[PDB]
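Below, in structure tokens: the form deposited in one PDB entry, a single chain.
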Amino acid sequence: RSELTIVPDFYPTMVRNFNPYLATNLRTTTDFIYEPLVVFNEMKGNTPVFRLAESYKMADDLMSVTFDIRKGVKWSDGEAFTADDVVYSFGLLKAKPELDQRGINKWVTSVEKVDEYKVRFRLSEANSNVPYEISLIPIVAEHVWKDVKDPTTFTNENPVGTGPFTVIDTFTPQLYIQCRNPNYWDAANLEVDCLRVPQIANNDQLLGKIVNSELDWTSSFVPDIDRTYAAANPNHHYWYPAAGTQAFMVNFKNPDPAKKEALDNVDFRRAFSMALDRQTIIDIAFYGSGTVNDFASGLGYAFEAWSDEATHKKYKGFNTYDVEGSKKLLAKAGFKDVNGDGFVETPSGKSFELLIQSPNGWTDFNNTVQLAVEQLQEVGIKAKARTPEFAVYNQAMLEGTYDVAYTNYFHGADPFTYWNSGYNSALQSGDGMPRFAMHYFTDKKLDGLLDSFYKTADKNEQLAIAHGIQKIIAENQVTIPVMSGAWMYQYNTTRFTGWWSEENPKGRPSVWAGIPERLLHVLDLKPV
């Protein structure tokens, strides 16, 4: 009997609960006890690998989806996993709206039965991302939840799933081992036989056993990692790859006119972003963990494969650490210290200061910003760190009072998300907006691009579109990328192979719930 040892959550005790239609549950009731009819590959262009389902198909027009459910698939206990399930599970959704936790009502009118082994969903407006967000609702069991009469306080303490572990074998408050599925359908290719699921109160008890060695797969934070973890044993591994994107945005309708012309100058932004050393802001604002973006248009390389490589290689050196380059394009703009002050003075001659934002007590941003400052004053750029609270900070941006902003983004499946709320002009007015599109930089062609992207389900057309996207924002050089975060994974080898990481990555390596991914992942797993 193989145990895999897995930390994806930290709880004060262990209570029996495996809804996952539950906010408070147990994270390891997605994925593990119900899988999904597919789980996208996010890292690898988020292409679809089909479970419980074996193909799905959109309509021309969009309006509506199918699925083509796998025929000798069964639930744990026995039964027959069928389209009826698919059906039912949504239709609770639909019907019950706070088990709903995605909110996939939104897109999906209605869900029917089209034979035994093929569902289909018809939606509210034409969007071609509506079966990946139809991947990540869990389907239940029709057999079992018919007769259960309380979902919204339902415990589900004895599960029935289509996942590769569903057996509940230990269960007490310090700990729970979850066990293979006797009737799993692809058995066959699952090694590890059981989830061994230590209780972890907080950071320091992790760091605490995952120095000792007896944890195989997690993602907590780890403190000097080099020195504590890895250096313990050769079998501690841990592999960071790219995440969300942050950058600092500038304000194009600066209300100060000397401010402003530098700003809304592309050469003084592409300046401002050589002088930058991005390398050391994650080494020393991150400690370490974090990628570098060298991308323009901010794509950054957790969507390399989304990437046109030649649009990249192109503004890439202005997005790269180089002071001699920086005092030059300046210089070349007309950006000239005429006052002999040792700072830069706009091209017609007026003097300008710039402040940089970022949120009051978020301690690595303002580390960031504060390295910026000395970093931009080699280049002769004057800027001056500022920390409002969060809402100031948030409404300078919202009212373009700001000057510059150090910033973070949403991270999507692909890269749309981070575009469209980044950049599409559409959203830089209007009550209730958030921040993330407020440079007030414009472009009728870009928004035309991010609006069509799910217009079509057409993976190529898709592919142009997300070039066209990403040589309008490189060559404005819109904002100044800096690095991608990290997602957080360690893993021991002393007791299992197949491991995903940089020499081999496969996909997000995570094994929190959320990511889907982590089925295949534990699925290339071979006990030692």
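Positions refer to the first chain, counted from 1. First, how it differs from the form deposited in another entry.
Of the two rigid parts that describe the chain's movement between the two forms, a single one contains both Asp443 and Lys259.
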Given for the second form:
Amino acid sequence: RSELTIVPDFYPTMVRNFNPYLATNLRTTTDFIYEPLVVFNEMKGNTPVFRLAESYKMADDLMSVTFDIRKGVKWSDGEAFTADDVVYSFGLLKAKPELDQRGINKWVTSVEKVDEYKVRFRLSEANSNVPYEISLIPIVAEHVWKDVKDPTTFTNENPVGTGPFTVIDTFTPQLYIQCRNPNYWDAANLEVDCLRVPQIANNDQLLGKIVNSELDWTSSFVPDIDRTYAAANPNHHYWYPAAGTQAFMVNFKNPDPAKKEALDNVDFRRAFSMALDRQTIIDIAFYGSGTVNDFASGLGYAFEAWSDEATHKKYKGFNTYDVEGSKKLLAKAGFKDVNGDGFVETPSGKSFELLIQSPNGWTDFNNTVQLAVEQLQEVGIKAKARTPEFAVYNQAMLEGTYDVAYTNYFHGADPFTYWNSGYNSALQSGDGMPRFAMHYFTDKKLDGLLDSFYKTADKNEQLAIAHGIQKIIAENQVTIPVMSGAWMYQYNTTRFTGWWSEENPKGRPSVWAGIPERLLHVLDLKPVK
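Given the form deposited in one PDB entry above, produce the structure of the same protein in the form deposited in another entry.
All you get below is the one chain by itself.
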């Protein structure tokens, strides 16, 4: 039996939860258990790869879109996959908005069933990118979930899915094995029988295992990769294609008076920013992987084609290592040390220590925070590294109780994914939404520009919109962008072949939940002969 050992996420222990709509589920639920209608290859310019849906047609006015369901597709329990499943799934999100992870309810007014295998989504507002948005909403089995009294707490321990791996062959606190859907519609193209998911708590435990070659597919941070991982075995391979932005997010509505006086001050944010030595952070915390990001808007040099150089040039200085500039700005801004501790107090003389957040186990981020704390001390800003578990880290943000958090973002073929997910105030409310836009800075014009991006197909018009987004975010130094990272990815050729690589760059190679292309990738693998 071919078993592919994968690590899409860390856990202290394995807790059986296959609910695609809950943040507490196993990260092998979406894609593998519940296959999407379509999987957009974001690397290749967001090209749709059709799976459960055969095709789709967006109306010319961009106010609706139809999807043709592929006939002959079955749930793991033999029942047919039809339009009823899609209709029910979005209806569920309307019934329980906490399960709405994309904020899709705002855009989709209704989801009508044209026929057994055809559904039509009607929008509340024009969005040519709605097909992409729809593709990220998990679709569950209506014949099963209609009998579930409370979907919000349903752990779905014995899942019925459309995906390649639905059989829970083994489940212990330290390991679970997800095997082949006995009724998979694309069975002929699946050459991997089981997904082997061992319990790994953090980057330290992962390193020990990966160098010992007991893993096949991973996307973790690995220190000194060449010496410690690559040079240790000819089957140890990796590929780090460029990815999105990484930055420190500040909470504009921190409940502490002193902290809010600091964080909700653009001069302080710029001074915080100039204190950071971005290159040293990349060299030290990331071992030279990644590039400096001195775009106040967080755009990143990779997307320079979308940048208005003038805007970049004007705020670049506030996003460049400059100790003297940082201290001079703090002083000019009225931030001074009035109690002899070497740290600046707020203008009203209040003391504060910024608790910088980064998830426990994410050593590359943890090291970045500590480096940042030390760099901030140089400019007189008092801070301390905190490493709460991801759940806590994430919660403190949805609830706005954190101070500062270092984080990465998802990355698309253009800056929209980044700007929209990291700044649209619509994504700042609602349980079930990610952390990305939880800085609590809001602007009507910004939201308008963002929401207008896909209302037009005129690239020159979209560029004009992009420029408008750039200058609002840059002007307000909403976050403290630091760098553009990469899709960390490691593969072992000991047991399987067919992996994506620089030489076979089919798309984002990551195995993390949220990278739907992982379904396509796994379907390219085959055990060694």
